[PDB]
Every structure is written in structure tokens, then in C-alpha cells.
Amino acid sequence: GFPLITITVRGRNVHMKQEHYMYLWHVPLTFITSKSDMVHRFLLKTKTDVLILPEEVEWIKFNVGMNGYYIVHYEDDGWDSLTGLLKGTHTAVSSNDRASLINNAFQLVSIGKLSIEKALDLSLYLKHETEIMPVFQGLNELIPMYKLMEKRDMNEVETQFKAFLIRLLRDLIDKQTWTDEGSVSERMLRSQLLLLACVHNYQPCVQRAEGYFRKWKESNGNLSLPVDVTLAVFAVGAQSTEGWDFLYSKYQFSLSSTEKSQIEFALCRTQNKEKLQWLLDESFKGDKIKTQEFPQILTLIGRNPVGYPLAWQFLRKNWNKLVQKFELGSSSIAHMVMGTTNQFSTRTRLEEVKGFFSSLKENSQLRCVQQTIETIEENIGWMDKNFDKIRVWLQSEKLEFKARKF
Amino acid sequence: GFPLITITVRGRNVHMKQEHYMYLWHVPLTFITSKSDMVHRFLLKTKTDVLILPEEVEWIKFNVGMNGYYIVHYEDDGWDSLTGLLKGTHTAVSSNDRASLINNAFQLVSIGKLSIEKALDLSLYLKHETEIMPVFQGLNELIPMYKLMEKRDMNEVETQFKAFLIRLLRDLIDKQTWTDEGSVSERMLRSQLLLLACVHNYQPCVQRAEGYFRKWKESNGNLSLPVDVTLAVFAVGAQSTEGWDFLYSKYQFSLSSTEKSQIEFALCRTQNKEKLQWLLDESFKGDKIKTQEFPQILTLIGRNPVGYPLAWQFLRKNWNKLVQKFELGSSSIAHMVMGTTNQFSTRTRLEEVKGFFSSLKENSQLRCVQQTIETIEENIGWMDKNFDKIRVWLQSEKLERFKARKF
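So the sequences go chain by chain: D and A.
When the letters of the first sequence are read in order and numbered with the authors' numbering, they come out as residues 529 to 550, 561 to 901, 903 to 939, 942 to 947.
When the letters of the second sequence are read in order and numbered with the authors' numbering, they come out as residues 529 to 550, 561 to 901, 903 to 940, 942 to 947.
Where hints are given, some of them may not hold.
If you only want the chain D side, here are some residues facing chain A, beta carbon under 7 Å, derived [to be verified]:
1. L677
2. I681
3. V722
4. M726
5. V737
6. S787
7. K788
8. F791
9. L793
10. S795
11. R841
12. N842
13. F864
14. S868
15. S870
Because the hints were derived from the structure by calculation, they are not lab data.
C-beta: ideal position from N, C-alpha, C; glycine also.
Based on the provided sequences and hints, a complete structural model is requested.
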């Protein structure tokens, strides 16, 4: 697997520990302190060892020093100290290292060495975060949580979770201009942030998008929408039947793959079950929309809150004809078999998914079929243990309790 | 010169046009489509002409019916269609056609009918590519890009470019066994892929190579390292001073030119400046190292990311003695005059090279000096146009690794 490092600070007595998770090597650990201006280095050669600082330290940040993925676990008392850093003056640690703390924190919740209550509490720091790197990495760990809830009988916890996610980014969403100015980095943030607010019924985005869509639609698609915003404008348009049929009527007349790809995303986010079924039938048949573009559709329908059973329902009835157009071993088959399944988190989808692929005889032993049964089993345990926690965490968070006064 | 053909498909209205770039003939264009089960053979006899297809088509692949080099330009809207082919089910078009699409795409970037942003996006399909010919032809167009960056003050984009280059082939790198099994095709892919991965600090190649080198080093060169692997093992070994001095000490005790040639590459990629300078002095004088091997050394020494100024500075100071040992007109001098220069891409290296050869009077008028001044002038324009673009392309690709995209 990958190397995992535990850190346990006790005053000025910095204990260390290495464990190559998922066994021993000479792990070069670096750290930075509230006191330190420079990077301190330590070559950890044993399972456990100890390092000592001159004075006690307000916060200790360990990153290893290799390439690729590694998780630095700071234990309970150390995570709390790091949280206070990112809440008061997060500019101390670097932009990319802030993302690293989030990746470590939330993936430790899955491993089991950290309760979700502490990771969710760390996420609350985003409210002041500006740089693109933590925002996406924060959005990187949070979206798969409610994506699993969509596939379950969970609407109140889902709607309260989705409002919470918008609550952190609300300050940043309202500052994003609806243009294509600034550097390439933030423009990626803009495009993806406007898409986020508008998808989650954030009124200042939707109403703003509908107005832009009207001016573009009523002009028969002749007004130059800025590129970054276009994703959100098209997404809200395809919700109505009138906007959807028109949105496709311009998909044909397009010779711009970027414009073509954004519409395709839009045409799949509709909660209409009749319109999506047609996208599957027509992209599969390969006349009005290319069969090449079918994976980029079966996937995004399988991620629709309402269209996820149709993608699963389409794959089972249309397995044999699909392998001739794509071939088992190809990446398209693999990408397709995962997108319709790897977000299920029930004790019944396990037999449904395992049962279907076992019956396929020699057509049952793909690396993508094994890789998805694992991620489903991971999701079952993750949800069965951490669901009730997110329910009560989101409760006790609305409370600002009206104290800090008395 | 070579013939270039542009194609513009609009529904079933496939427009084509011939232009012998760098003028008119009966160009036999053949093509295959998503619908087509049969090779179509349209004989293009005029500058521009049009043919009509029965049903609409998802993608059209054009080849010309001559041999040698030709570039098929598929226009902007048409290249996008072919990229989607090689990403979803690249097995549709042939192995050699996949290499052909890559060679044309990147060489169209130099001609100017294709932006670098789109060609680099086509390269992203390599991650699923297995066959050697596209892998090499992809490696053939990408490597000269950073070898121009090595000779310039470009380090963050260079390391970020090289990681991307390994990122594409990484999946294929991990499947290559460290043996001499499979066919010569698989062996050729193995040898150069391990050689490539190990060069770019790809740790899974380093750890396996360093361990192999020590066991070969500690056994005083008595255990038979697999031949394909040997290139990478020697390359990483010669980086340390301790590994270099020994690696040269076994160069002598060899009566095997294949083993002899592998060491030659290894001893030159070391970032040590003193050790390289000595290789130049001794190969030239001809006692420790043959004078025959000086060209095959001065060139690749000039190809070192850090040793390139020594080769160029050595060639200038040692011109006169070089003409007597090799003679102007011979191909060896030509190979030497190009290898130390043809990757410079500055407005000052151009005048530096032009200035040196002009001063030689009657000794200054070769085909290799003109052919290298041309490739230098080509490099200046290519970088001046496409450098800043690749900088932000590597930016906006790391962000294509966000995992939101589902919302």
C-alpha cells in the first residue's frame, strides 16, 4: 500500500511512528512549528522514535517527504491544535499543505483512526479559505458523502448536508464574478463553484443563471455566454422540459466540443426520467448522438439523484450488445461498470451487483468488477458506522446556542 | 518536400484539399469511417474536391496512398472527433495509424495549423496505449520539447513536464518485467521504458535499479544482469561518484561491444561536471578511451541537462585538431556539429553558433552548419509561441486529476 505516519506530541516530546498501511523503511520526516521559520528534517529509521524541540510548541505540522500519497495522522490532541491554526490564521501553513491536512483528515475517518465529528469540524475552517487548492480538496472529500446518500432513503439528512456544504462556500460563491477574467487557476474555481451553487438550489446562482439562459435562449443561442459560467447556465436550463428540448436542438448544430461537452452534462442533470431513458437509447444506438459519447452519459446519469437506477437497469438488460461495441478489457467498459455501482451503500446492492456479474460466466473476472465490489463494501461499512454521526453533527451545527454573552 | 492534406467533414459532406507543403498531383486518398466496413479509395486529382458518404459518420481516418512522410490535417472540429476515438476504444484504428495520428498532430503544431493545447490533449490517450509504435512515436514528439527546456532557465515546467510524461506511461512501466522475456518488440519496449522511467527519478524504477546495481557491483560484475535492464541499471549507477569510478573500471575489462555501448551512455548522464570534462579530454587524446568514440560521446554529453555547455565549449576550442582526426566532409563531423547545438533556443545561442562558424573562413560552409542553424531558428519560434501555453496546460491538467465533477 502506502506509508502511514502517526504523530503524538506531548509537550516538547515529539513521538513518531511509521506503519506502511494497506512495513518498515527509512521515512524522512519533515515538520514546521509555530516557532520555526525553516524546514526541520528528521530521518526516521525505526518503527517508533522521538524528536525534541527547544521550547514547547503551539502547533506541529508533519509532512513526510516522498512523492505520491501518504497520510500524516496527528492523533486527537494534535488535530485540535491544527484546527485552531486554520481558523485564526490559516496563512501560516502553505496553500497546498492545507489541502494535505484535509485529504489526511477525511481519509483517516475511513481508516478508523479519527471520528468524522473531528473531520467535519475541521471542514468548518473553509469559510475563510480563498485559494483553489483546499476548496477543491475539501469538495473532494465531502461530495462522495452525500453522493452515497442519494442512492439511499435519505432526504432530510441529504438536504441538510447539501445546505451545509453551500454554507462554507457561500462567502466565496458570492465573490466569484460571472466572466472569464483573472488567471486560469481561479477560472477553474469559478466554473466549478458556479456549477456547485446553481446545482444545490442556491437562489442567487439559479435565478442569475436562468436570466443568463433566457438571454441566450431567447436570442436562439446567439449571445456570447462566458465560457466558465456556461456550465451552470446550461445545467439549470435543462431542468425544464422547454429548456431541455431546446438545449438538445442546439447540441446538434454545434461544432465545438467544449460547448458540446457542457450541454451533455446539462442534459443528464434533469430529474425527468423519460428524457434520460431516451439519452441512453439514442447514444447507445448511435445516430443522433455518437456511441463514443455514451460512457460520458451512462456515468452522469448513474450519478443523478433520480437517474441512478436507470443506468443500473440499462447495464443489466444491455450487457451483451454493449461488449461488442466496446470490448470487455477496454477502459470504457471499466469506467462504465464502476460509475453505475461504486456509490451503492446497501446490504442488498451487494448481492444485486455480485449476483449479476457472477451469472455472466466468462463475460465476471474483470479488474473493474472486483474493484467496485470492494468500494461498495467500503461504502457499506463507512455509512453504517458514520451515518448517524453526520445526522447529529448537522443538527448541533445550526446552533449558530446563542451564548458567548450571558 | 512532402504532401499535406487537409480534411473538413460536415455531416456527410467530406471536403478535402491538397497542398504540397515545404504543387498538385493525383493524390490517392483512402479512408475508413465508424460506419465503413470497406476501405474507400477516392482519387483526389484537384486542389480541392468533395466526396459524399451514404450515412453520417462519427469519425473519419484519412491516409494517403504514397510511401514516405505526409501529414493528414483533420482541421479543428475533426481532430476532436479522433481524440475521442483513441480515448474510448483506440483499438478501432490500427497500431500504425495510432502512431501516424500522433506524428501528424504534433508536427502540425510546428507548421501552425494546430495549437499545442490540442496536441497535448491528444497525448493523454497514451495512458491506455500498449503497442510499441505509438508509445515510441509519442515519446518521439514529446522528448524534444523538454530537451529544449534543459538548455534554458526552465525548471518548474521541466520537472512538471517530465512527471506528466511519466504519468502517461506509468501504467505501462509497472507491467514491464525486469527480464529478457517476450519478443524483441516487448524487449525493445521494456529496455527503453525502464531506461526512461529510471532517468526521471521515478522511484519504483530507482529502488529496483539501485538494488540490481549493488548486487552487480558487490559481485564485482560477475552476475549476468538481464540485457534489457542493463541500460537503466548502469545509468542510475553512474550518478554517484562511487558508482561512476567503478562503472568506468569495468569498461576496460570488457570484450563485448553491446556491453561496451551500454556503459558509454551511463558514464555521460551523471550530473558531475568534472567527470564529464574528463571523458571529453580522454576520448579526444585517445589512450584511455578510443578517439573513435569521441563523436558518440560529445553528442550525448551535449545532451546532458547539465553537461551541454561543456560539449559546446569543448567543440569550439578544439576545432582544428578535430578536422585532422575526422575531416570536414565526413558524417562524423556533421553529427558532432549538430549534437552540441541543435537544441539551443535563444536569441543569443543563435548568434553564438552563427558567429563561431562564420569566423572559420574557408574551414564554415558545411551542410551540417546550415542544417543546424535552421533547426535552431525553428526552435526559437516554436518555444516563443508554445512555451507559455504548455505552462498553463500542465496547470489545468493537475486540476483534471478535482474529484468533484459529479456534484
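Evaluation of the provided hints:
A hinted interface residue such as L677/D counts as satisfied when its beta carbon comes closer than 7 Å to some beta carbon of chain A; here the least separation is about 5 Å, so the hint holds. A least Cβ separation of about 5 Å between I681/D and chain A falls short of the 7 Å threshold, and the interface hint therefore holds. Contact between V722/D and chain A, as hinted, is supported at the beta carbon level, the nearest pair being about 5 Å apart and thus within 7 Å. At a threshold of 7 Å, the smallest CB-CB gap from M726/D to chain A is about 5 Å, leaving the interface hint in force.
Annotation: interface hint on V737/D holds; nearest CB of chain A at approximately 5 Å, less than 7 Å. For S787/D, the interface hint is violated, since its Cβ never comes within 7 Å of a Cβ in chain A; the closest pair sits about 16 Å apart. At about 16 Å, the closest approach between the beta carbon of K788/D and any beta carbon in chain A exceeds 7 Å, and the interface hint on this residue is violated. About 11 Å separates the beta-carbon of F791/D from the nearest beta-carbon of chain A, more than 7 Å, and the hint is not met.
The restraint placing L793/D at the interface with chain A holds, with a minimum CB-CB distance near 4 Å, inside the 7 Å limit. The closest approach between the C-beta of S795/D and any C-beta of chain A is roughly 4 Å, which is under the 7 Å cut-off, so the hint is satisfied. Checking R841/D against chain A by beta carbon gives a least distance of about 5 Å; that is within 7 Å, so the hint holds. With a least beta-carbon distance of about 10 Å to chain A, the hint placing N842/D at the interface is violated under the 7 Å criterion.
Look at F864/D: its Cβ gets to within about 6 Å of chain A, closer than 7 Å, so that hint holds up. With a cut of 7 Å, the hint placing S868/D at the interface with chain A holds, because the nearest CB-to-CB distance is about 6 Å. At about 5 Å, the closest approach between the beta carbon of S870/D and any beta carbon in chain A falls short of 7 Å, and the interface hint on this residue holds.
Of the numbered hints listed earlier, those contradicted by the structure are 6, 7, 8 and 12.
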